[PDB]
Amino acid sequence: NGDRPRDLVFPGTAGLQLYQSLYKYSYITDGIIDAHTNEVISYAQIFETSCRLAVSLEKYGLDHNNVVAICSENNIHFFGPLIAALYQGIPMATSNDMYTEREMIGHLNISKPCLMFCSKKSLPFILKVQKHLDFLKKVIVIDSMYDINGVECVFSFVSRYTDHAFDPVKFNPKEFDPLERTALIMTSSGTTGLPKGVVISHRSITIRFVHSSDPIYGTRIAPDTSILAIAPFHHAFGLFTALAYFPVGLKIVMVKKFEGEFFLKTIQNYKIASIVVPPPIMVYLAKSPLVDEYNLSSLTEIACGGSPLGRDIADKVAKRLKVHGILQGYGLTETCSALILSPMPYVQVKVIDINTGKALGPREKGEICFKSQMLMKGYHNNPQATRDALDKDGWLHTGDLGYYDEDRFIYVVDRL
Amino acid sequence: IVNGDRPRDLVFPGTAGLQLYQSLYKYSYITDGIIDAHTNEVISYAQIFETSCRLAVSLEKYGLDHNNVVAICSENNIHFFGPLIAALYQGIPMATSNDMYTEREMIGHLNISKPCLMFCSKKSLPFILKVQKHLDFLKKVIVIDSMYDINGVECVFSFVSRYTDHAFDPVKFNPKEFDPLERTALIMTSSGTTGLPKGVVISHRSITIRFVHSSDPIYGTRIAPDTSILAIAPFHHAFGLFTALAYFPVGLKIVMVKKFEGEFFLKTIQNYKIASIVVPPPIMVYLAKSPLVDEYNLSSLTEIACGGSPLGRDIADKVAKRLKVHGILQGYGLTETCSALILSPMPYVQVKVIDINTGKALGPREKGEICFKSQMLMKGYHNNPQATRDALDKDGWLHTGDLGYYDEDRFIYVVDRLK
Amino acid sequence: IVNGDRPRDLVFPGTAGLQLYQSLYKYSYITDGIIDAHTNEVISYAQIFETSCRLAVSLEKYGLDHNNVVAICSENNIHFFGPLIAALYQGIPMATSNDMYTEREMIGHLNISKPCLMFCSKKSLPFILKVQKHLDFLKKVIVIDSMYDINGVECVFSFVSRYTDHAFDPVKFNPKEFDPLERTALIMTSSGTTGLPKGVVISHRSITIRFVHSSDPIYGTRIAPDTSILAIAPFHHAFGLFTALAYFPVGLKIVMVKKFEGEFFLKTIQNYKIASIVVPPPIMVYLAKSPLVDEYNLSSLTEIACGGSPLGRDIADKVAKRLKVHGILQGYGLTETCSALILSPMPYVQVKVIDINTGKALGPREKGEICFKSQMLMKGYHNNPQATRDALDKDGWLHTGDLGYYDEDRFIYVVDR
Amino acid sequence: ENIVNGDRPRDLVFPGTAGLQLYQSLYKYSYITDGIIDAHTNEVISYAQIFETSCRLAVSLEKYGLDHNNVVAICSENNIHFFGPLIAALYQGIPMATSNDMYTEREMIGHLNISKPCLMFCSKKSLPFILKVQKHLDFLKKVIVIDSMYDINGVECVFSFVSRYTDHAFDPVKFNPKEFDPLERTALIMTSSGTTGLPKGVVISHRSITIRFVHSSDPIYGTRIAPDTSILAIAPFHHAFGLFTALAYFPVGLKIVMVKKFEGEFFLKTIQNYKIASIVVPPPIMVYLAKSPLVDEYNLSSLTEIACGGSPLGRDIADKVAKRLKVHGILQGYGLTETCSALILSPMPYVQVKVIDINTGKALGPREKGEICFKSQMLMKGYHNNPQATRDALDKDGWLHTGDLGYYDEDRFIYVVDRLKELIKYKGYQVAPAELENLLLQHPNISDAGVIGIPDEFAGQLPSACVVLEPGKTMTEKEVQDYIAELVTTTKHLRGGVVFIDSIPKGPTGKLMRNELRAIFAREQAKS
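Chains as they are written, first to last, in PDB author numbering: chain D, 8 to 349, 363 to 436; chain A, 6 to 349, 363 to 437; chain C, 6 to 349, 363 to 435; chain B, 4 to 349, 363 to 544.
Do not rely on the hints blindly, as some may be mistaken.
What the hints assert, rightly or not - Computed list of chain A residues with no C-beta within reach of chain D, every gap over 12 Å:
hint, residue
1, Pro12
2, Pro18
3, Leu23
4, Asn45
5, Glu65
6, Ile112
7, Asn116
8, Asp154
9, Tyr168
10, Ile288
11, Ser304
12, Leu339
13, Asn375
14, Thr376
15, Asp413
To be verified - Per label pair, the in silico range of CB-to-CB distance:
hint, chain 1, residue 1, chain 2, residue 2, range
16, B, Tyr431, C, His71, 14 to 22 Å
17, D, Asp184, C, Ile155, 53 to 61 Å
18, B, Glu4, C, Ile155, 46 to 54 Å
As the list claims (entries may be wrong) - Here are the simulated BS3-like pairs of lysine-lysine, each with C-alpha atoms no more than 25 Å apart in a straight line:
hint, chain 1, residue 1, chain 2, residue 2
19, C, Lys391, A, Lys323
20, D, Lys272, B, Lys294
21, B, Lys119, D, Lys264
22, C, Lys177, D, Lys128
23, C, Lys177, A, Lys329
24, B, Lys294, D, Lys329
25, B, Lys326, B, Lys378
26, D, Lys326, B, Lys326
27, D, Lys294, B, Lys177
28, C, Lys278, D, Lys177
29, B, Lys177, C, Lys391
30, C, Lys127, A, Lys323
31, D, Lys263, B, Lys294
32, A, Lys323, C, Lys294
33, C, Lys177, A, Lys326
34, C, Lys391, A, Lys329
35, C, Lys294, C, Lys127
36, D, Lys294, B, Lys326
37, A, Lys294, C, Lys135
38, B, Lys323, D, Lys294
For the record, the hints were derived by calculation from the structure and aren't laboratory data.
For every residue, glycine included, the Cβ atom is placed at its ideal position computed from N, Cα and C.
Using the sequences plus the hints, can you model the full thing?
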C-alpha cells in the first residue's frame, strides 16, 4: 500500500490545477529567471500567455484528436504553450532539442503532431526536419515578439485569436476525465532498441503534484524563495520536477546545461534554497575541487531522481554542504520517476511469486512490481509494448525479487 | 448579481472535518501549534491531530451521531479544538456556549440545541454541573483541560483511553463522509435583531469556504506557514472560532491570549514575534490612540485585520501608520453568519440591490436594499422555522439592512449610500 | 549683457535626438527606467531605446518627415517617451496636447499645428476618436500603452512590427541629422499674454541646452546616475515635460505619479526611496504646512526644486528646515518657453535691463525693463508671426514685463526693483 | 573594404582639444575636495586646486613665450602635482615629454635629445639629477620644480613662476584654453624602446586622449564607478598606460588616491584604509593579487571593479583573482600597441581592425587566417623626428601591423580570436601553423609543446616536434607522426621525427625561444 497522501490529489484536469495555481500566485514577479541571459518572466505573465494561447490553439482548430509538440532547449517561455495544451487537453509531445535530423524524424513519427512550438535556436533545425513531414502543418516560435522570416511566433498567433480585453481570470480550462485524457507523449529510448513513445495521463501529473506538495518527501520550502532547475525540460524527470514547482509558487531560476562550474556561480548568486539534479551533478557536488570556493550556504534541500549510486556520494554531499540528510529515489521509472523512497502516496507495491503469480504477504520473496495511477497509461500507437510493460491488471513488472517488509515496517527491501 | 472575486483556491468539496484532518496530518511536524500566552502551556499540531482523532473514535463508540448534538463550554483554552474538530470528523453538530453566560441565560441557550453531551473547561465545570441539574437531556460532561477526572466528572483523557489503546494511529483513522452542505457543523447561538436566544445553523460547506478565503492571498492572511499569528477573539463566538480554526489548514504557529485587557497584548506581540493579528475594534482603538504602545517592539507585525464593528472614522488609518503595516484592510460588512464577506464581494459570495418597493434585481449604479447570497451563508435558525424564512428569503437571499447600488461591472465592489 | 554662468558641460552640438539616443544606448543597462507609481508597471531604458528606434524607422517608412507634425495626447504614462523621442530622432515636430482639454478646446489646439498622426493613451482614445471625427487632416491614431489593437485602432507595437522585423538592432540605427536650431522639436500650445490659442515653437537647441542645465552640478539635480527621482509634473506641459526628459541624459531611475493630489505623493516618496522631487508650488504648500506629513518617512530626500511662479516667502524655508535638505533653491524666473533661467542667470542665458523709455542698454544696479536672450528661447509662435515679433523684439531679446537691475559685475545675479 | 569596425561608442568623442575637455572637467568637478591623495605622505590636493594651478601655469607658460613649436618636458615620480604642468601644456597645445624618473644620465640624455624640450618641469627628488643632466644640454634653457613652495638654489618653482604672471585675483573660470585641431597637434611625446633597439619617441595626438576618455566613460568597458568615489592609481605616470589611465580619471571626477611604487603589501593597506572602489594595475600585482598569502588579512570589501592593462597573465591569474576578491569579473584587452594600450578587450570604440594576407595584403573575410592589423585615431601617430620608424610601424594608410595572425569570429559577431601570436614563427614550404593550430590541438598523453622548424631539406623547411612526457609513458617518434598524420593531412607531421626531451624552453611564463628547440633538436637527432 504505501504512505497515506497528506495533500489529497486534485480530482480535476491537471490543466485546471495549474491554471488555478498560476492565478493564485500571479503576484509572484520572479516566476522564472534565465540564469544565463537574465531574462525574467512573472507568474502573471505565464498565466496570461497560457490562457491566450489556449483560446488560440482552440480557435485555430485543435483538440484531443490532435497532438502538438515542442522542441526547445531549457528556456523561459517553454511553459506558456505546454500549460496551454494542458488546459485544452490536447496531448503534448516534447522533443529533445539536440536530436540529429535522423533521430528527430523517428521521434515525430511516433506521435505525429500537427503543430510545433520551438526555440529561436531550434527553429532552423525544425524547418529542416519539417520539410520531410507532410503532417507538420504549422511551426510557432515561443521566445520571440517578432516573426522569423514568415515563421509565426506565440505573440502574433495569440493576437490573431485574442484581443485587448482578454482576461485570463475569465478563461476556463476545458474539463475531462483526467485519467483517460493524455497530457504528454514523451518518447523514451530505454529498453530494447525501438524509440517507443510513452503516454502520460493527467492523473499522473496531479499525483506528481501531490508528491511535490508532501512535506516529508517533496521539497518543503517557502512559497517565495528561489529554487534551481537544471534538468532537461523535454525529458520526463526534468519536465515534471520543474512543472511541479508551480502548484506551490516558487521563484524558479534555471540553467540551460549541467556542464561545468557556473552551476556554482549560479547557485550562490541567487540564494538557491533547494536544487534537484541527476547524479553526475551529484559527483561534481561530492568529490569535485574548489566547490566550496563559492558560498553555497544557501542550500536547504537536495534531490536526486535518476540512477543514484551508493549512499556514500550521498553522504559526501550531505556532509559537504550541511544538509538534512539528502534522501531520494530507488526504482524510478520510464514514467513519472521516483516512487518508494526516503512506497509513496498513490503507489501500491506487491511481491507475488516467480512461479505462481499470486501475491504473497510479509517476509516472502518473489518478483516485486508496481501499481499506480501515476504509472504510464502504456505506450503510443504500439499495443505491443503496452501489454508488454504493465501486465494483466495494472502491475508493472520491475524485474527484481525481494519482500514485503511487514505491517509495522511497510517499506521496501529486495533480495535480488 | 455582483458575483465578487473568482476563487484562487478551489473550495475543498468534502467534509470540513476531512480538510481539517488532512491539514493537521500535513502540518504534524509543526511543534508550537498553540501556545497559552498565560500558562506557557503548549500543544503541537501532531498532538491535536492525535487527540482529535482519538476523541473522534471515542465519541463514535460511545454511541453518538448526526442525530445528537454535543456542546463545548470553555474560555479560550488550548484544548478547545480537541473535541470540536473531532465532532467535525464524525459530523456530529457542535453547539458552542459562551462561558460567561448567567445560569439564566445558559439554560435558555442549551434548550435551543438540547445537547446530550457537554465538554467544558475546568474553571467552567462548576457552573456546568450547577446548570445540568436543570436539564434532563444533558446526560454527560467531560473536562477538556485536565489529566485527572474531577470528582466523578470524566476528563477527555480518561474518556479516550476507554475506547482506544496505546497503539492507536491517527494516520489510519477516517473522518466520516457525508454531504458537506446538508450536515450541520455548528449551532452557534446569537440573540440579534429581536434579542431572543436564537441559534444559528452552519453547514460544513460554510467552513470549507471560509478556509478558501483564508488561503486566498489577496484577502485572507498571507504569511509563512510556521510563523506566529495571535488570535485572541473569543472562541465560542463565530469571529474568534472561524478566524482561529482557519489557521490550521495553512499551518501557523498560533499564540492565544485569554482576554483583551490593557497591555500584555503589547508585551506578547513583542515577546513572540507576532507576524499577524486579527482583533475586534476595541483593541483597534487601543492600538491607535493609546500611548507608549511604541514602548514595546511591535516591529514583527506584517498584517492586521479587523472583523466586527469596524470604526471607519479613520482609527484604522492611524494604526496603519503607527505600525508601518501594508495598510490594514478588513470589515466592509460581516454578519451573524460566518463573518467577513466583501472586503478590501468575496469568493463564493454574491450580493444584490433589487429595490425596497418591488424587489426586482437592480443593475449597475442603482440603489435599493443590499443583501447577500452564498453557500457560506447560514443555513438558518434551529428548531425555529419562523425567523429562518424571515432572515433568508424565498431563494437564498439574506436581507442585510442597507441600501447601496452595485458599483458597475467595471468596479465590481460595493459602495452603499445610507447605514 | 549679464551673460550668466559659464557652462560646466558644453552643450552637445548635434540634434537633441542624437543626444537622447546616445543616452538611451549608454544607460541601457538600467532596468528600472520608468515606474508607474500607481500600477507598478516598469519600463527599462533599453526597452525605450528599442521601442523608440523601431518607432522612428516606422514613422519614417510610413512616409513622414519634418514637413509633417505629429501629436501625442496622453496622461502621465510610462510609454509617453516612446514616440516622443522617436520624433526627435527623425526631426519631425511633436505637438503636445494636454490630456484634459475639452473637445471644444482640444480642437482649437489641434488646429494650430494641424498634425496628421496622433499617438494617444488607452484612456485618451475615446475622446480622441471623438475629436478626429471633426478633423480631415488627422489621418491616423496610434495607442501607446497597449500590446494589442483596440477596436480597429492600431497600437505602437503593431505599427512598429509593420516596418521593422525580428533582427532590428537599434545600436545600428542612426538618428536623422539636421541643424538643431532650425529644426523644430516641439510645438507646445500655451495660453499666455492673451486668452488666444497660440502655439510655441521649441528648437532642438533649446532641449540640448536644457540637458546642459540638468547635468550641471550646481544647478540641475546633482545625484548619482542610478538613484530614484520623482516626476509628477504634467508631461504634456513644458515644465513637466522637460524636467522629465532631461533625466535620461543623466540616467536616473524615474518614478512617476499621474496626479499630485493627496498623501499618495507622501506614500510614493517613501516607498520608492525618492532622492529628489521637483514640484510646482501647490504640493510645496502641502509640503511645508500640511499635517502628519512626517508620519511618513521622508528621510530619502537630497534635493528639492520648484518651477511654477516661485515666491512662497518663506514657505520654501519652512520645508528646507522641515525636511533636512541642503536648502531648497530654485525658480526665480520661469516662462512660456523652457521654464527656469536664472536660478539659485544660468548657462547660455543672458539677461539685460535697458530703459522703459529709450530701450538703450543700462550698466550695473540700474532700473528699466528686464528681458532675456538665449538659444533656449522660443523660436517664436507657430502660424502666428504677429505675436512672434511681439514676444521677442528686433534682435532676439524677449521682454518679460518686469523692471529691476544688475546686482553688479562683482555679483552678476538678479534682483529686480 | 572588409573591416571589423568595432563597438559603437556609448559616448561620442569630444570634438575639440584634449585640453578643453580636461578644463571643463576640472571646472565641473571643482567641488570634489579629495582630487589626488598621496597614499604615502597624506598630502592632498583638490580638483578646483588643480583647476587653478593648471590655468595659472597655462597663462604663465604663454606669457613666458611658449607655443606649439616648442616642447616642454617633465621628469617626476608619481606625485600629486604632476597634472598641473601636464594639463597646462594640454591647455596651451604645447607638446609634452614624459621622461622616466629613474633613467641614468646616459639614457636620459638620449631621451631628451629626441624632443629637445626647452622647459623642464621636475620634482624635488629629481632635481639634482636633472641639473647634472642639463649641464650637457644647451637646448634645455629653464628648469621648474613642481612640488615645492620655495625655489631651490635659484631653481624656480611652479609657484614663483606662476606668480610672476598671475596675481591674487586670477580666475580660472575666465581662462580659455587655446583652440586647434585635436588631431594634428601633438599632445605627448613619450619615448619607448625595446623594439629594434634604440631611443625612439612616440607621438600621441590630442584626439588619442579624447578617445581614451571616451573608453574610460564606457559603462561596459572603462571603469563605471560613481563620480566622487575613491580609485587607486599606482602605475608610473611617466609611461603611457599609467599616465592615461590616471589622466582619464578626471573626466569622470574621481577621488584618486595614488601610490608611488608597486612593491609589497603597502598596497593592501591603502586599498583598505581608503575604502578603494576600483583599481587598474599591471600583471605583477595581478599575480601577487591571486597567488600570495594573507592578502585576505586586510579587508578588501570595497572592491567593485578591477582592470588590467599590460602583458596579461591569461594563464589563470585573472580567474583566481576575480574569485578571491569577489569582483564583477576582471576582463581586459589585447593589442599592446605600445602607445595607448588596450584595443580589443573582454574591437573597442573608435578602433577598427582587419586581417590581411600573409602574401597579398587584401582584407580577408570571417574565419580567414592572416595578419591582424588595427587602425584607429587613438593609435600612436608616429615617432618624433624620425621618418624611418614611422613608415615602418604603420602602413600606407594608418593600419598598424601587429605581426600576429588570426581571424574575426563573425560579422554577426565581430570578435577577433587569433591563432598564432607571432608571424616570425611557424614557417614551412607553403606556410604552416605552429604553437596553436597543432601543439595545443593534440595531447594524448599530454606531451608539452614542440613546433620549431628544421632548415633541412634544402627542399623547404622541416617542421619537427620536441615532445616531453611526464608520468613515464612510452611514446615513439614514429608513433606520434601517425596520430597527427590524420589530424591535419596534407603533409605536416614532423618530417625529421618527434624528438623527446625534459621540459619545454625558457622565456618569461610561456614564451619559447624557438631557436632553442631547433638547436636542442640538433643534439637529440643522435642516440637510440
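Results of checking the hints against the structure:
1. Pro12: 8 Å, violated
2. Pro18: At roughly 8 Å from the nearest Cβ of chain D, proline 18 of chain A sits no farther out than 12 Å, so the non-interface label is violated.
3. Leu23: 8 Å, violated
4. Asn45: For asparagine 45 of chain A, whose nearest Cβ neighbour in chain D is about 27 Å away, the distance exceeds 12 Å, so it holds.
5. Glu65: 20 Å, holds
6. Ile112: At roughly 42 Å from the nearest Cβ of chain D, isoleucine 112 of chain A sits farther out than 12 Å, so the non-interface label holds.
7. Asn116: The claim holds: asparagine 116 of chain A sits with its nearest Cβ about 39 Å from chain D, beyond 12 Å.
8. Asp154: Holds, since 33 Å exceeds 12 Å.
9. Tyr168: Holds, since 22 Å exceeds 12 Å.
10. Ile288: Given that every Cβ of chain D is farther than 12 Å from that of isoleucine 288 of chain A, nearest at about 29 Å, it holds.
11. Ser304: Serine 304 of chain A clear of chain D: closest Cβ-Cβ about 20 Å, beyond 12 Å.
12. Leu339: 24 Å, holds
13. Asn375: 34 Å, holds
14. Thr376: 32 Å, holds
15. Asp413: Per Cβ check, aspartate 413 of chain A is outside 12 Å of chain D; nearest 25 Å; holds.
16. B:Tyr431 with C:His71: 14 to 22 Å: 39 Å, violated
17. D:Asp184 with C:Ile155: 53 to 61 Å: This hint is violated: roughly 40 Å between Cβ atoms.
18. B:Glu4 with C:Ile155: 46 to 54 Å: 48 Å, holds
19. C:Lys391 with A:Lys323: Status violated; Cα separation ~53 Å.
20. D:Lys272 with B:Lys294: Distance of about 21 Å is within 25 Å: holds.
21. B:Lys119 with D:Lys264: 62 Å, violated
22. C:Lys177 with D:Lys128: 23 Å, holds
23. C:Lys177 with A:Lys329: With Cα atoms ~49 Å apart, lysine 177 of chain C and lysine 329 of chain A exceed 25 Å; violated.
24. B:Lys294 with D:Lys329: Violated - the C-alpha atoms of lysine 329 of chain D and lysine 294 of chain B are around 29 Å apart, more than 25 Å.
25. B:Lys326 with B:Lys378: 43 Å, violated
26. D:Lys326 with B:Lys326: 24 Å, holds
27. D:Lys294 with B:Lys177: At roughly 69 Å apart (the allowed maximum being 25 Å), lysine 177 of chain B and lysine 294 of chain D break the hint.
28. C:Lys278 with D:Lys177: 37 Å, violated
29. B:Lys177 with C:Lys391: 21 Å, holds
30. C:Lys127 with A:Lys323: 36 Å, violated
31. D:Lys263 with B:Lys294: 33 Å, violated
32. A:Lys323 with C:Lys294: Distance ~20 Å between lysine 323 of chain A and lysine 294 of chain C Cα, so the pair holds.
33. C:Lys177 with A:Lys326: Answer violated: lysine 177 of chain C to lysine 326 of chain A is near 51 Å, above 25 Å.
34. C:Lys391 with A:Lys329: 51 Å, violated
35. C:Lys294 with C:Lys127: Given pair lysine 294 of chain C, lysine 127 of chain C is violated - Cα atoms ~37 Å apart, limit 25 Å.
36. D:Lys294 with B:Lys326: Roughly 20 Å separates the two Cα atoms, so the pair holds.
37. A:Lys294 with C:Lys135: Violated, because 53 Å separates the two Cα atoms, which is more than 25 Å.
38. B:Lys323 with D:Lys294: 20 Å, holds
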